[PDB]
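Next up is one chain by itself, shown in structure tokens, the form deposited in one PDB entry.
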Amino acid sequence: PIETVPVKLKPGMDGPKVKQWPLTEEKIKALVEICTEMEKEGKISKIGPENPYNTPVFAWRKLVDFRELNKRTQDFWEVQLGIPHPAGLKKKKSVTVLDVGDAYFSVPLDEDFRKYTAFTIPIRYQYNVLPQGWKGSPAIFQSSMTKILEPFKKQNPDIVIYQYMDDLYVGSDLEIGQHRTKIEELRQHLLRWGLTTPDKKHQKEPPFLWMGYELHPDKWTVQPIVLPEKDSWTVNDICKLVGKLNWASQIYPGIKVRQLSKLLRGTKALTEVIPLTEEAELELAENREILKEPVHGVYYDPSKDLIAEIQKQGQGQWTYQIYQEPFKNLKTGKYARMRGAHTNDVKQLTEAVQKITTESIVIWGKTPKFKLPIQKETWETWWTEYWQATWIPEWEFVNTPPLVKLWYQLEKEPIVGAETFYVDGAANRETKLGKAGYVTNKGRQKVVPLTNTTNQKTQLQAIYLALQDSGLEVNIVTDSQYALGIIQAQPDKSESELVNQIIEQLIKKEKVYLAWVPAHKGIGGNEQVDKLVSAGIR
């Protein structure tokens, strides 16, 4: 009695005509038996002459393929792109899980669209219900089940029902007997629509082994993460390990994945043994030690406040815990993404805070209170002196050892009594070699030949040379907007070794003023350094 969803093919298109796969001897009998069983059940009907279509079916089950029909049918709007997180589930006193036996098969199919699902075997059958694997079946089933549950959901505000693909997570704050009575009422309501569900001695008890999680009455976790303790490591093994401990990272805190992922850079073969780096081995040992003891999450409590605490563990790595009560956290996570070739600790912390904010809004629909390892003065300085509209919500300072700070600052005005370095760098595209150097108002000069370098690399090398050859206070004048912007971003770590050298040398310097002057305008010392480094490039 479920109202069918009106579906139609894409404009100016007709159902596919695909010949049967090469299977007519062994699986044919099983397919015929399955088709007869479905026809007896009423989910399958026979139409031979007036159904000029066909689809490729291959079996035992009958896995009918709708690859062609999927692209010939009008698109739907799926909403459940993601999956519910156990941390977002509300702590309910009693929880029952109902599986919908024959989920799709209980939802009828549009009468006009039934023909396009022709089902011919070496007979001509057509689906009367939602086919399996069809593009429209998931959305149609989800909408039909939402419609079916609406009368029950409205009449039972206390009962919470989360619908997955074919699973009903029914949670209630009622006593065991009342919850069982309501569950039987829900089962009868579903049966009124033909959706059969298991009875008392057919229902699955907890833990619920669901989508990689282990849902307990008052806690949640993941299935045991047994990492492969082997000597060799192929790219396939590294990918499997990274995925396994990325799954665990949402509950297990302190998980690091940077060296393991870095090992996957440039790899081409799926079996190429990788020389696990010493850093990677140490990180893997740390992850094993973290996974040694079990960790369980808690369910969301809307009455309490949602706190998010972030910790810096070095190498551009961040771990956060989201909790409401101390030492009992809903879920954990990590943020190691490097947004841009250059970044500093404060920008990375802002990105992590934004990621956690979006993640919490997705799971809990509310931003959490942030407990960040950054002083209020540091954040004030950064976001006041920064050119972006950076902002983090209400947050509280936590005095942890790995405090987030800025390791160097560029002077706002030239340093009186310091030395000025006019740095330039020229690169020859053809030969790929170039030069970098500097000139100083004191009268000094220096040009260092480079090789296999670009113009930007030459500019950075010139700046690095000036920093090396200058005292603790230096005025550096450059004509490269690229390097000027990089240095003014105040990066702490970079993907370039040269930029990291520049960063450490800036940290060494007590005062560093970086000025910019337009190139080729004949501005004092800039033209001199350009003439110096232009002999072999221009």
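In this text, rigid core is short for the largest set of C-alphas that superpose within 1.5 Å between two forms. Numbering follows the first chain given and starts at 1. Compared with the form deposited in another entry:
- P22 shows a C-alpha shift of 2 Å or greater between these two forms [criterion: core-superposed Cα displacement of 2 Å].
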Contents of the next structure:
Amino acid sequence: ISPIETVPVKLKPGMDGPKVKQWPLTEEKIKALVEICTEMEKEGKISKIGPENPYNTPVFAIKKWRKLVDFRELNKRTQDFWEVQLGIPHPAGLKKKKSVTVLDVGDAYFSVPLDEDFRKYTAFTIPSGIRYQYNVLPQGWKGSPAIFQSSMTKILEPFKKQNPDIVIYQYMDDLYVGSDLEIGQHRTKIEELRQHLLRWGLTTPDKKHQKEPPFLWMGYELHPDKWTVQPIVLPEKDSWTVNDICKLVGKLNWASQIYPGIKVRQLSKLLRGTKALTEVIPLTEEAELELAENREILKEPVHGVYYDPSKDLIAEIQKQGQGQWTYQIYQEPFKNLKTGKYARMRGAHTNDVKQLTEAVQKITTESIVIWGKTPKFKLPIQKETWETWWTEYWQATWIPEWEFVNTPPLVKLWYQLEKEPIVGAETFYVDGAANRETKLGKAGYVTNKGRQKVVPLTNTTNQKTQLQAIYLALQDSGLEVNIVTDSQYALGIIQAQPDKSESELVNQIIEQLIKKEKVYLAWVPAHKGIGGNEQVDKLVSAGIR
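Would you mind giving the form deposited in another entry, to go alongside the form deposited in one PDB entry above?
Just the single chain follows, nothing else.
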């Protein structure tokens, strides 16, 4: 009693069905397999084909014995299917439901008939062989999930059409049915759905066996009115390995979406340049406190709320230093739908404003995925500071909607390069050259007063030579300088106004730039006899060229 339409399945073009000899199994395995096949055949989902069909697929039973058929060759030969539900719904995007069930559909893929022209391709043999074939979707097959999902969607369509209030979600085989009605009528509606599915052959557990809330789904603990992640337990040990810190980082990342203020930047940094899993990397001083603070965050229960379409969506971003941003997406105060963190320094040179914009992009992209609308942000950056940034920036940055929240860690531009030359300052023509093979470079500057300087550099690339030359200009000078660097890379490094950088040399450069009250960074093409640049290359290139 399964009147379900069979989805046509066609083999890939130019390839024929699997032809693999079934490796002999032990006597116990053979007896278990034949017993399982005999009963399954009785159910009507298995039939005998004899030697007429040449295709075959090996089988093996894994300990009762659970039969497993490896469709490796068939999965790589069947036409690609479109698994529409590639992702999963975040709990924050759901809505408060008064009552919900799970309705775990028994024999999910074993109740949907298989295409009549394709059953001969899923053939398999049982050693004495007794060849069989699947008349329904077999477990482990590539097309079994997509076809079953479509079959259930079509089965639920007549019921969902007549029950608009009831919300039904199918992940793999469980049907999370939310009604928002009274428990007395909700149970009756569930019974109606259970009988409707039974009409199509699908079986569901009795009301006495229905799982009670909260429902453990994909790492979450979903109560009818609130959601939370599964209990996160951080190992308490001293000898921390790469694999163990991997577990710690992944678990903290999972908890980050609800628990606020979780930092994983230091722990992730501990994974740089490490390959073997047995490397006993001791927790650094900068990361031990961070781990203890996270343990303090995770030592209490934090329960999120569900989306309310009749309320405004807010996303208050916060800054905790070291290029780490935390956002609490909430609709009502202290009722965060879902917290998060954006610890990702895109590129080696970025500032707070650019990082904040990237965090905004991340929040907008996920909010649209989860809620389909961009939240009303509450950023800490001043309105004028943002205007000063995006108007004098080369990208098309734009923040949709946001007010100003006066949190202690405000976002600001630490320094701004002068737009015009400085009258009365001292010009610094800075350049550097690095030897091609010896890796020895030089950096120097020349000024109007005649000041000269050249510092030998070792194991420094050419780019670092230009950066060092600028650093020297920022060091041996006053509060007003007109640096003339003939390297476009240096301009890219400085004109972007990075608040912090991965490299220490740039960090020193920006540290000196902040001190300067007025700094101007000009540019002249190299090898053109322009001003003091030729007199600088004549100094910084003596033993290099």
